[PDB]
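One-letter residues, chain by chain:
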Amino acid sequence: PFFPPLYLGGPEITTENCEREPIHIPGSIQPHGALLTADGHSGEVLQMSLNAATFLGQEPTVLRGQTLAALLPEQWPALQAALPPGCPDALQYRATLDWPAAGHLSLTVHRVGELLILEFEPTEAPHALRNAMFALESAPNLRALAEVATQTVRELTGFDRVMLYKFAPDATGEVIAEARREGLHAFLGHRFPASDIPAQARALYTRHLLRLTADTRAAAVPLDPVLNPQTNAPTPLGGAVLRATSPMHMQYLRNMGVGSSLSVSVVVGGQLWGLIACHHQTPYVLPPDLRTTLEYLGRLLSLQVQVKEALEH
Amino acid sequence: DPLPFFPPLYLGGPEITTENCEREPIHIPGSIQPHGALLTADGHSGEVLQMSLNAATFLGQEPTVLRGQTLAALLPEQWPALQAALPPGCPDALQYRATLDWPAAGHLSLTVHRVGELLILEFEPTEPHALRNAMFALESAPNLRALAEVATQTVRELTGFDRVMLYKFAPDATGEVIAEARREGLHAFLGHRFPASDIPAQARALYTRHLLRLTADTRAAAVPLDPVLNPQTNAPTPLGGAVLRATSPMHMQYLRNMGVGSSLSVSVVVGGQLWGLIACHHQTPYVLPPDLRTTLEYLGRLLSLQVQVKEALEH
Ligand SMILES: *C/C=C1/C(=C/c2[nH]c(/C=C3[NH+]=C(/C=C4\NC(=O)C(C=C)=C4C)C(C)=C\3CCC(=O)O)c(CCC(=O)O)c2C)NC(=O)[C@H]1C
Ligand SMILES: *C/C=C1/C(=C/c2[nH]c(/C=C3[NH+]=C(/C=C4\NC(=O)C(C=C)=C4C)C(C)=C\3CCC(=O)O)c(CCC(=O)O)c2C)NC(=O)[C@H]1C
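Heads up: the sequence lines are chains A and B, in that order.
For the first sequence, position 303 (counting from the first letter as 1) is numbered 304 according to this note's numbering, and the numbering increases by one without interruption.
For the second sequence, position 261 (counting from the first letter as 1) is numbered 259 according to this note's numbering, and the numbering increases by one without interruption.
Note that these hints are calculated values from the structure, not bench results.
We treat Cβ as the ideally placed atom computed from N, Cα and C, and that holds for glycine.
Where hints are given, some of them may not hold.
As the list claims (entries may be wrong) - Beyond 12 Å from chain B on every Cβ pair, some chain A residues (computed): (1) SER196; (2) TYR206; (3) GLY270.
Unchecked claim - Calculated cross-link-like contacts (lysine-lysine; reagent style DSBU-like; alpha-carbon spacing at most 35 Å): (4) B:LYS308 x A:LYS167; (5) A:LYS167 x A:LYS309; (6) A:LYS309 x B:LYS166; (7) A:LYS309 x B:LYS308; (8) B:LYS308 x B:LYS166.
Unchecked claim - Chain A regions said to be covered by chain B (calculated; three or more residues, Cβ under 8 Å): (9) 173 to 187; (10) 291 to 299.
Use the sequences and the hints to build the structure in full.
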């Protein structure tokens, strides 16, 4: 099973119970964005991140009464149609708001049962993706495909280290390709225990294909209330990229000297084949539109891995 | 019966009939569609060899001036990028794309690929979260039918085409429309089946490697290359990989007779085989700009993946 989260007086997480930390329900988010939850029917704002006032520019109480209808007039009917009752928690809808306080915000919404989860992040506003797609497809074998993928991602993102991280049948990990800035340790060829990414984290990565720690030293921002009014239970946040990252993992990142981290799941035959894994030495908020490019690349790599593995077997 | 290609018309080959169909060399027509321009150049020196006859009007230069310069001089910023992206021996399927600001012609999209020692350069005029939203909707579709319907509707919304169908090949190469989105008033092709010869075997081979072909105006005359043969080889210039390549007069006659002014289709490739087509029709001529066509190319790949996934959920 899982332990209760901390804020419901569950045990603190150690190396004896890695598998049981409830990473989906941390009750908090990373501070480079803001999150609101809301009722599926009424559009009634039920929870907000204590930092919402910053991003939205709204007097705190104003929000926690109001309706999405009021708050987002153009958007609220689109949401209603895009995310019908009963849809999967994996389905997401995005829009760009030109919002008074903040030039442009990206809005990302998904639905978990009766709750809409809304994420707001700063945003903005060429051929590198098309060029990359053809490059991946003409790679002659899996090894070269891995090399092209890591190089392409590094060029698109500027990340200090990009790795292709392949799982063995027992969930032992192996770095099979790597693109990195001069003057970093090489992780190419190295193998790591299964417990470095515990079973409960791997299952959630099979369904929700991208996550990130924008700053491995930033404090999480609580949800208020912490419990969902609807259920008097924790809000599931696994489908939210703003989710506060496990402290266990943040400690691992810090011990490696990483300041920003991000990964993309490569899913083949319904299973987690590997990850595109990105390190930055310093804090780094990759903007939403560039993340989208990596999300596309994730799908394309999933296709090409199967194609390429089929021409060996 | 499968038989080798006839020589093209310009090398004294025969004209094509419903009989000899499967032997038309559709990949070497010696000509392009008039909404863009094409140059060929030597892959090592960058000497310009062939150009479409309309090139002066896209590129704003006399032929003899174009042909008298190397790509190093014509494309000083792109020439080194081309050479890195398209190394000798690379496959003909690999494409490099850039946007140019050309004085006379505005923003041009440049698409380049390499066939042996030849570079092929295509120039076309070029111009929010719809793709991301579509990607997730496709993935959440519960079964093959719902996927097919979401895919057709999405493509129609992105493009404005009068008709978007999902055409699926059977094992005998006969095809069947299994989903479609269509303009009000058009008659339905849903569930109709068409014989295998409607897309003869050499087209289906070419459609497995080069994943998008189109016909922007079913009545437009083709524009010859000049000279027609590659001076490197005194042989035909391979245009299988060029979207500007002229369409077969057989298929163009087949389209006009249906009342179609514009045609476009994307291959859906599963396990190395052509599974089916995203085929689109417009009643009037219609040019879809290169950046919009890129969205369809990306959806072609997504759909190939999702078709595998939906079919595996099915035994
Ligand atoms: C109690 C168990 C511990 C544990 C937990 C844990 N680990 C993650 C997530 C990740 N761990 C990763 C491991 C590596 N990244 C690398 O670059 C290398 C090699 C150089 C390794 C071995 C990765 C890639 C992830 C995914 C997240 C990311 O992209 O950075 C979680 C879940 C994190 C979250 O979603 O909040 C958890 C709970 N880690 C340990 O080391 C043990 C002691
Ligand atoms: C002598 C042979 C004939 C022949 C040849 C032929 N057909 C194509 C290409 C296509 N034919 C298609 C057929 C259909 N389109 C539809 O909408 C329907 C049904 C509603 C059918 C049956 C399609 C979709 C294509 C692909 C191209 C496109 O989508 O526009 C070629 C190749 C053309 C080229 O690439 O230059 C050839 C040689 N077709 C016949 O009907 C016989 C008489």
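Going through the hints against the structure:
1. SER196: holds (30 Å)
2. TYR206: For A:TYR206, whose nearest Cβ neighbour in chain B is about 15 Å away, the distance exceeds 12 Å, so it holds.
3. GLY270: Non-interface label on A:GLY270 violated, nearest chain B Cβ at 7 Å vs cutoff 12 Å.
4. B:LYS308 x A:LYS167: holds (25 Å)
5. A:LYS167 x A:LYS309: Holds: A:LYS167 and A:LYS309 sit about 15 Å apart, inside 35 Å.
6. A:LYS309 x B:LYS166: Measuring from Cα to Cα gives roughly 24 Å; hence the hint holds.
7. A:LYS309 x B:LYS308: holds (20 Å)
8. B:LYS308 x B:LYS166: Distance of about 15 Å is within 35 Å: holds.
9. 173 to 187: n = 0 at 8 Å, threshold three: violated.
10. 291 to 299: holds (count 3)
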